[PDB]
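Listed next as structure tokens is one chain, alone, in the form deposited in one PDB entry.
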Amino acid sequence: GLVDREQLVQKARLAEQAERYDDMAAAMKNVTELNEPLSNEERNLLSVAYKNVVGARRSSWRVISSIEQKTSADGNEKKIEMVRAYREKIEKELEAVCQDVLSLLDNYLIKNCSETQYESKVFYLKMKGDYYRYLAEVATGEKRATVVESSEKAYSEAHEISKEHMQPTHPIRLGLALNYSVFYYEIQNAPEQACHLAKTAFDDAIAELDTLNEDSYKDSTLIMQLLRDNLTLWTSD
């Protein structure tokens, strides 16, 4: 506690409202680097900043990846090169953001979790799975295989921990199930696992839905919808 932490979180909050996620991420990275635990709010400000920063690049990457595929069919060298290069440019930005977060997760956030801070360990492991997943979206060959494995390990470990020490309605445990299911469908290409996981997690939540507070009831159903929407979409051919 030797530089002013509250100011940094306050800058993060400002930047968020100004939709300036690069600034936001840089503030929360600084907060993280002070090496103390993050509050629930602070966790989310980090999560949100980097999700938006990498998301802008995922969105770009997809638009360009798709242009590259109709373009290559027309066979223009100059244009095929140009598009390939620009896609690469975006890739390198995306990956650099991904390491940035992953490094914070490995070397600060996860590291400094005590054995019984199960909620935090799960949040951060899910996040680690997410960001390796985002690398997998744009990787190919041996590189892809490696980050896919890294994603699985993080999503899997978060699953074990969340199964035992968190209840099935908890937003984080649902969010994990949601993203892990999506990992299965989109990266592993394993629809039956995707669905089983989403279904299981949905059903387990419904069981406990009886005695949910009215506060947490809004939080859980929001995510449970998305599980269902996906399942509906996946079970349709």
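Positions refer to the first chain, counted from 1. Whichever C-alpha set is largest while still superposing within 1.5 Å between the two forms counts as the rigid core. Only residues modelled in both forms are compared. Compared with the form deposited in another entry:
Checking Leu34, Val63, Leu212, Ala56 for C-alpha shifts of 2 Å or more between these two forms, after the rigid core is superposed, gives a single hit: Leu212. Once the two forms are aligned on their core, only one segment of at least three consecutive shared residues with Cα displacements of 2 Å or more between these two forms appears, at 210-219.
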Given for the second form:
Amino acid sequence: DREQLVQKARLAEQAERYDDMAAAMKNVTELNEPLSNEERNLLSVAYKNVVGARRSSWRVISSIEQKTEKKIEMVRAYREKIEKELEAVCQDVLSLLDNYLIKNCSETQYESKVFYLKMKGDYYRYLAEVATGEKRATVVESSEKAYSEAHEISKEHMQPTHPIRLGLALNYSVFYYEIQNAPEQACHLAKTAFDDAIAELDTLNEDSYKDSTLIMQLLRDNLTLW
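Got the form deposited in one PDB entry; any chance of the form deposited in another entry too?
Shown next is a single chain and nothing more.
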């Protein structure tokens, strides 16, 4: 029963065993029933913690590899070893987003849909972070659509003070900056997000102020140093 599976995921979150929480949330989303917003966030941050651990470790052991006869072969093997783990978890959650969580949202569910599409774009960006040449272009395309579509959708059905829309705009801006290597478009979208957001600071709800104000502030920050 999912009623206790979500509780197991919450217990794993409390236990900082993010693999177990991501597994429980994978089970509850494989049960084909639609996901609550808090269960949405549970699965999202569980899987993002799981992949970000390997992201950080990959960063450190590839930075030292680029910094530097027989040990360099082993550090390259280790980088490939955890790269085949990062890509594995990425594709796992990507097919979780394709077979479920997207086909299970009608037109009246714009919010959840752009949530999952930003998830898809983020994980494809993480895949492109470790891809080279022919393996890169493809995912850089698969991210782009998965981003842009999402953008368009909530440019049509929710005001730019929503934390989900602002988070999608922020991840899109840093995708344009880091991967697409286009600081112009990144700065542009950061500006169109933050300005449109502050234009209606009235709509900041009592239960959504912290998240938005944070994301708007970090969008502004990224805009400063660029």
